[PDB]
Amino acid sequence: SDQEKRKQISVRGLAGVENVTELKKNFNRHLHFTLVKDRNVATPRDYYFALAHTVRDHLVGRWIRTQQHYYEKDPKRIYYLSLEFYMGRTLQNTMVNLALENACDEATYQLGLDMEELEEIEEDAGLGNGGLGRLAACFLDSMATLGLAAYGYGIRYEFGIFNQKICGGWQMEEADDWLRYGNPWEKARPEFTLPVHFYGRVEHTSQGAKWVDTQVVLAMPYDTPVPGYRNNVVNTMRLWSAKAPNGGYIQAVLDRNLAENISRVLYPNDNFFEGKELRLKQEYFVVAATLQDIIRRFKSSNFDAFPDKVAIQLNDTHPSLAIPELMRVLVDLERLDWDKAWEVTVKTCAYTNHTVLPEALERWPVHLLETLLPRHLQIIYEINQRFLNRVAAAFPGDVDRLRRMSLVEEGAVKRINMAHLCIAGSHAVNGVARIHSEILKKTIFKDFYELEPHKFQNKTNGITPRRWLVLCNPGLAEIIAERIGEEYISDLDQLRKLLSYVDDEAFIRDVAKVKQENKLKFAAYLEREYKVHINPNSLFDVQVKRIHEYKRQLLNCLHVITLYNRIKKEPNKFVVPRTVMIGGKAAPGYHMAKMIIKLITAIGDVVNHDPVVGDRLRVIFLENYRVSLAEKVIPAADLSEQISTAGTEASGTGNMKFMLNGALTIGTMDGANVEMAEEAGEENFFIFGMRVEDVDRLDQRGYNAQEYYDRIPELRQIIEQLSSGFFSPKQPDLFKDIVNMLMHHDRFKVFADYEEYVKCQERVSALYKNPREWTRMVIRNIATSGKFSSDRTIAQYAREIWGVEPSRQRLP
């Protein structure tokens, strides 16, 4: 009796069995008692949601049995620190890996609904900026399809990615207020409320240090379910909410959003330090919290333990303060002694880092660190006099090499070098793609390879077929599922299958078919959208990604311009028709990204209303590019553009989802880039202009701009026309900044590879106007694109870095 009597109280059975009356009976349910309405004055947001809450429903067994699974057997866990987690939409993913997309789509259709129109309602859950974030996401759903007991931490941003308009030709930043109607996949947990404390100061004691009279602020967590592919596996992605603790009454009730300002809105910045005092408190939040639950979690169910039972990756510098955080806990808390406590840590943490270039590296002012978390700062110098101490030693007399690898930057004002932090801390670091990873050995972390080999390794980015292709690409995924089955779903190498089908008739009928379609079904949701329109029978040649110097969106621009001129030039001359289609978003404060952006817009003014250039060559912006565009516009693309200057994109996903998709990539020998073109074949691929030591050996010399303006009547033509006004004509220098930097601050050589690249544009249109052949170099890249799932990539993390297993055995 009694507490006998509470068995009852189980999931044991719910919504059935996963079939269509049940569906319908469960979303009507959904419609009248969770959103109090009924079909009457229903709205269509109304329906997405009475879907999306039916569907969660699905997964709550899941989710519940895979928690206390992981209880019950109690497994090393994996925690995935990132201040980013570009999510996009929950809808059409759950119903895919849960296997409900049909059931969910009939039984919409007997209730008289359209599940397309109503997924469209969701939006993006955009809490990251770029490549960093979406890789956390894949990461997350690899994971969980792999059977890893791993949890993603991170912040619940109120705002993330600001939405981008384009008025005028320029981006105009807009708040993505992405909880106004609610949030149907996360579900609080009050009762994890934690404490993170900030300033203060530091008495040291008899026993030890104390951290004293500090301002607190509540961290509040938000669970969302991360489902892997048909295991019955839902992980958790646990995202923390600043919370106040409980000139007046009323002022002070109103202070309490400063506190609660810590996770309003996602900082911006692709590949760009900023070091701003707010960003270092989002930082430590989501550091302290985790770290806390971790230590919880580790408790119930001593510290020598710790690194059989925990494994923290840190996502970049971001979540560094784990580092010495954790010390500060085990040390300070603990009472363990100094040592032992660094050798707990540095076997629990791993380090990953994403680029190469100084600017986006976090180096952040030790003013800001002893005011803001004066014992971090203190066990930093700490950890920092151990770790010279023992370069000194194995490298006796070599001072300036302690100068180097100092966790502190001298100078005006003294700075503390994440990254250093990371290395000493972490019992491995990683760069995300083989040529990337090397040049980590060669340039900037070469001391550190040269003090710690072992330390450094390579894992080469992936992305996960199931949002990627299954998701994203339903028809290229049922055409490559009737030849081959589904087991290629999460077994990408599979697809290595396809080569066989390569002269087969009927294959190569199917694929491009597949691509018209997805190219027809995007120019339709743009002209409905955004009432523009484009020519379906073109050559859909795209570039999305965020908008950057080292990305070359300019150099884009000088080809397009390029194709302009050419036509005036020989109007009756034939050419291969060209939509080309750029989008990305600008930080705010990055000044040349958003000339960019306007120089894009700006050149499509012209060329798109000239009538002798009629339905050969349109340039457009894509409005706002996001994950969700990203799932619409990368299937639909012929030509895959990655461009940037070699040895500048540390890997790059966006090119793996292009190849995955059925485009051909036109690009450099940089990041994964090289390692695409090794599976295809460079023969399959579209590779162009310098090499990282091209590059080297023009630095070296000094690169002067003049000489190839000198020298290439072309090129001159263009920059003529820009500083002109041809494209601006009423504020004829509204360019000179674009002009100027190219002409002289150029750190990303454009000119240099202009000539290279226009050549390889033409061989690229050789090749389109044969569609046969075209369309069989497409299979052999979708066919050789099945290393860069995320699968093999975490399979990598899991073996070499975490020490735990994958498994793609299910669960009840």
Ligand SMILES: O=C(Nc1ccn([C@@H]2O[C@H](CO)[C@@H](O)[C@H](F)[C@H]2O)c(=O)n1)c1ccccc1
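Rigid core: the largest C-alpha set superposing within 1.5 Å between the two forms. Residue numbers count along the first chain shown, from 1. First, how it differs from the form deposited with the ligand bound.
- Comparing C-alpha positions between these two forms after a rigid core fit, one residue in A15, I801, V20, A795 moves 2 angstroms or more. It is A15.
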The other form holds:
Number of protein chains: 2
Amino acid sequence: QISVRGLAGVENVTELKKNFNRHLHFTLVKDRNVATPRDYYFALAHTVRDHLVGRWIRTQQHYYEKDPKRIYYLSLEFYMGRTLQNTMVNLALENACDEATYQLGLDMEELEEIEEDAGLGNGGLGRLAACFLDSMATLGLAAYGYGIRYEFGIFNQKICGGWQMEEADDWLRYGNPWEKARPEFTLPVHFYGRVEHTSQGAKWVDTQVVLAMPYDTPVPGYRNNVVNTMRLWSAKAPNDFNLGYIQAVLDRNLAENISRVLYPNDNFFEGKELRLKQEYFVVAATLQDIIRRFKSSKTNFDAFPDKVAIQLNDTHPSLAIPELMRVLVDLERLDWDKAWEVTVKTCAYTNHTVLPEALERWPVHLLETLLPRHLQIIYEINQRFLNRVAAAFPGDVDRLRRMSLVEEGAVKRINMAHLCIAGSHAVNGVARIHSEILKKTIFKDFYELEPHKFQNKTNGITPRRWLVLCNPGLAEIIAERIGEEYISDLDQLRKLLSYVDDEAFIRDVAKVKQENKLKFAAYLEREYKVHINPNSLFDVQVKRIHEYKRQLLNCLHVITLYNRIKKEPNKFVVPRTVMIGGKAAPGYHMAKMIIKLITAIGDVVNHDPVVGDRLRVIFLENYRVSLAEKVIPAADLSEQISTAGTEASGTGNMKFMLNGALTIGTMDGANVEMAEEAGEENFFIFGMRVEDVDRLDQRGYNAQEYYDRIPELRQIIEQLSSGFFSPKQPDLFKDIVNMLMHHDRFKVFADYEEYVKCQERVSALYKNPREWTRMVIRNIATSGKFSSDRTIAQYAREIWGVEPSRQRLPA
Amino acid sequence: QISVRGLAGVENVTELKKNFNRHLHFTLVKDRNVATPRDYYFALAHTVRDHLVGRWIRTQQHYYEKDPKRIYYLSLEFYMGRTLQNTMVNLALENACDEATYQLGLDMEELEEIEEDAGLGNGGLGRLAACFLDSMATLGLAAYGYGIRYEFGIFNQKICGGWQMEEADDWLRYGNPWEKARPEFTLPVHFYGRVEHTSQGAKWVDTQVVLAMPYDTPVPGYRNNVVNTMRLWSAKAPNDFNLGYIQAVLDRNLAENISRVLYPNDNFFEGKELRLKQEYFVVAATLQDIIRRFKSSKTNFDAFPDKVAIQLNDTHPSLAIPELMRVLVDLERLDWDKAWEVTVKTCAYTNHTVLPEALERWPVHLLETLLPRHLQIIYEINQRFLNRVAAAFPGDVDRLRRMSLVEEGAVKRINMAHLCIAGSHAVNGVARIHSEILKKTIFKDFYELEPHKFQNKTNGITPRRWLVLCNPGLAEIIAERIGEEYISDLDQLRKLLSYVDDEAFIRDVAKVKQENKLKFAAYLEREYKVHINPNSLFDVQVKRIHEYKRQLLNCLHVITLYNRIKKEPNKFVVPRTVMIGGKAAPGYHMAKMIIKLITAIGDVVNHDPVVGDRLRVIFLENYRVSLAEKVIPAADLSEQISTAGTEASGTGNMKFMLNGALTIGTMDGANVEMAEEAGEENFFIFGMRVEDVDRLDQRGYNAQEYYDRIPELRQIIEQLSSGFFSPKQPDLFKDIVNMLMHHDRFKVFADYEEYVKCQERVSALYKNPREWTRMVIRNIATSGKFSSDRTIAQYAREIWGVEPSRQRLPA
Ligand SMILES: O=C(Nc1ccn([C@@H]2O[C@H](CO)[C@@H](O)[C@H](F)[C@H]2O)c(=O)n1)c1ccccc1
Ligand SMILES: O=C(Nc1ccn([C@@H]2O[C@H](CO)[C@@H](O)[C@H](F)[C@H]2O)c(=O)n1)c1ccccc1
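Structure of the form deposited with the ligand bound, given the form deposited without the ligand:
What follows is the whole complex; the chain from before opens it.
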């Protein structure tokens, strides 16, 4: 049908049809008379998987023969979404499969909707890992993703009476055709026990053993025949476990609970024992596998850093540092100093937030009981590190306190960020402003001691999933003008600046957006029975629910627009559909109240006859990767409105830019670099800068001042307090009003006036479709910097010491 | 190589080789350079499985079109063993696969050893279900086996310091290529709750729900292209289960524990709640599936018994009776009397033991809490049943007490056997003597009320697994004389009586036995580093460890032989290898002490220089179906020595007869019918008959009398007491001596003299190889009655009301 989706040759279609029929018969054990759409999905998935296997085997054989430096990306989260379409895209099979299924009387897009998301992450950090795997394969790096195979991923969100309800994400119920169990490579992991000192060093004895069983998933590069591996570990009890008899067998569940469920916290630290067990489990199994592969290569650990790089995705796998030391010192019998040199040169650390509540600080008493040898190693690392600090800054006693890996107080804790900096040769933030804030504030002391360690690597997104897959219409009109090479070299989108006055292109860009909006408007009615006006401006804020992300500021603007309409009903206003979506962590009360507020506003606004279809407020239920793929291409306006200095980068912002939405945002995270690329005239920037926030903090933030001086804001607060949005429960939102008025860490009121004014400027431009679209073209054209291919090429060259390759492996 | 294993045609071998290579590549994702023997096993299993699928689909399509009466065999146990060789045998693929693998440089028998047993049963009852499934498919019956998919089957037994240790049987660790998950046919099962009475009948409300997910395994008939289904249910929590958040997800384990593990009790009742849950889980899911299939056929439940038969394998699935009533009365709104008519005509019950401790008697308080509606139904069944008893036997108040389904006392209990008799149109024992004992003793009252219900169906074994598969050498020499038809018509073995004086045949029968013994002697050295003399008489007792089975009587004979050798070292004795094997239930202390005794005797006997290789005592570790397939063909002497009236049938006895061992046994269970078939002169019968046991009981059994009058027995008891077999722990066996002397329910001493004398007669015949073999031929020749094909044909005609068919389905 469309060019970017590849060829549908007679030979290929014929083979696909026959292999589809083979899988339905032999693999699924069904005939066409009894088969359901789900059976048809599985027959297609197995057919596509077959095309991966030869390339997968020969890629791994290639790495064994060539023996390049291997990259190990360690993460507790991989937010992969669906696999079928992505695999077809990267193998150039989409048009052929579309034709083959069409000829069998089936609709492929209907089959695609059957697949469960692999929802093994919370949000930005987990999705970053997923985009990174795609880019590493596309750039021919010998890269492996290592994590945990959670039985239950991020919960499914249902909205009941306007409230979030959580349901278990039983994603494996129908099986997972993509993974291959590798029970043959099962490895033991140790917990508890005690340390014995011999004349020949320390021994960790009397431990409990849990087995780590790997499952491998293929990661295809874009049309280069490279297939890398994501290896996820699953917890299993040994067979002599607890071995009255019945209870001992039932108690195996205790061991196997380690890989049962993803902790659903986004940017927040909960010091639970089970979470610590998960973090050690992934680190211990992964490091054994790395060492095994290194020894089987082609005794000398001096060359270890030449053949191995380990990237820590936040501090979650920080135990890799003392675990590597443990193995090298206790088991391989290296001297401390040599082991430490190897460790530092091997490990690098990526920081994802500056919010104090998100930082992992583990109580010493937990580590003492669970990982006694690791605590001893951490103490020794600390002692040697502080000795270097003391030598560099003699007499500076407070610096010693500030830099210690051990935090003193009521409960003694280990600061895992400090451990990561001490034990890594590179430390990076994830956008230019964030990386600067790290050096100036939270890690200033460390930057002074070791300036060479600190780097920036601005985040990116993969243009395969986030353009070609989710927005084929836009990909096609681009390819029609500039060819297909931009898909793996996104900087080529700059060539589109030559078409900003091209009447044909302007029309085509606008047509694709309208189609996407029509498709999404239909999706909503079909799946949720919710009506929307497809001619309205689609104003979208989708991301996890957090106070710092300021969904509440968006709510205030919505109520402002409603109040203005009620004041002057017969005045023209640009019609809007305001869509907000995202999950709240189950224990985060304020985030749950914010969801209730949004639905409560919708309940009033959507049923007011005077408003008509000029304003609609919709909460998008169960926001996840598959839903992002639908809503992002349909958006007109991207809301990126975090308080300056709080969102480290953002990546949702980049997805919207690539897909033809304009951005309203603060100068926060990557928004700064996006505006710099596109030009500030082509962005809707408002609000306090970081320096303005610092000034307000010095003075003291007083929310009452804003309430007193802004009558429109006063009205809204009075409406919330009095029960206008909750007539049955008049004091429902009192916690929200109280926080806003007395305890607001994120200064919602301070940006309100500038936000409302900026929103007026958005409505003004939307009234002029031609000029709206020209600004859109200027955004798409300068989105190239934000490809994760750029990001990974920078990690490769500046941290890992390897060169990317766009060259094909033989098919 | 050999005829009975089928053809190895060039076309077939070529196809098998290519499909083997395809599975290794695409299914296993391996190349030949990295593949292990386990990978090779899986490639072969998938290749053979492919041959099953077409026949499986078309068999089930055939039943839908023809709509015959369906047979549902309900069992908590299916002791299936390995599947690969059985599948090849029944499909006539063994020689072709042997050739194909040979050409790929692989040894098929080595690959076969990799497969885990499906050990989903304890012993005789579970293995009977497995032989039955094979016979039902071979006889073309539309039959379905329904049970539980235990994650952990019968434990693996390890012997450590002479003691039994138990290890979890993690049989699914590497996957199960034979099963197909059917998550689409998942059904809800209800527990707890309460009963509400409406104007329109009872309602069971406020229940907890557990999901039952089916897994289907193919059951191939012998060379008839029929493939039936065994459907096993697995427990899953609903997704809103317990839905702080983390704990609710972890607590799903509580629901899913229902299908976690097989209770390892053989002939013993433990009234645990989890076991009751298992019994209801299988019954509730199965009955819904039966009703669904009945409605989808081709409203009228009058024809239900014409289209459905349910066979209860013991009382374990007895809840089918009140569950069927519940569905018909509460949900389908039938009147009680009509529902009861349908229930009785649908259900039939097989009893497997008369031992009082094995009978299921559930405390009323358990049923009250777990299954409140079922208890109400059971009370109503009881009331109506006792009303009929009162009318038939007016004034007989004690009969009313004896026949009640409700047992009065300290703890009120429901007698499940009484429930089964009341609610079934047929009740059968499993051998002629057992069926007679039921009518004369434990169910006398019921037999008086309803004589027409009581039947006999003597047990049998499948000659596919228990001759062709495990003993191809014997199968081949038989086929050479009489053709191949006997494999599905075992009565044809009578034709062998014409060869009892044939010198060629006599030589061939003896040669096959020697080869089997050589193979087994080698297996022992290879796998267990244990040496045995292959020229000795192989004296074998393999079965679960129980006091009634009298492994202890065997032990006494062994010690007698040792003592006689020590007394007269230079006298000739026929050399023996005495092998005893079997598992003990983990909570059964005496059974564990018996295992220790056997190993302790071996420790003395096997290292006494004076004995030499004239006597060896070996405990066979981890007795299971796969081990039975090895040891049975190697045996010379089969020990079947239960106290008369205690072993209902036995089936191990029949396996030994078919494979060319002679039998030493009591007149118990099927031993009686075996001796009747072969002729008493061709059996080694000894000991008390049932009538002799009854006489001794009336008088009172005094073990001291035997100890006082038999000097050789006194010596043994004195050796056990004094610590001769446990020098480090002199009083180790005091519990055994005490039981024997004061509390022996099974009268070990009473049969000792006759047993020892009979054993002398065995040694006498073994000295004459030609006459030994002629007696063997007379046993094999008359083993035909003991085919499970005969047994199933009798169930079909006399209970289920269906005709068997030996006719082929089109391939
Ligand atoms: O902070 C935690 N978890 C975080 C932290 C940051 N992030 C996000 O990472 C993205 C990728 O770099 C950035 O674009 C965003 F700016 C950042 O907010 C995220 O998605 N989860 C956390 C802490 C303790 C326990 C669990 C999670
Ligand atoms: O009695 C129980 N479980 C039994 C009972 C009898 N049997 C056996 O069944 C074989 C097949 O008919 C016969 O050949 C044997 F004679 C008989 O002993 C057996 O293998 N398990 C039991 C009771 C409560 C709980 C669990 C098991």
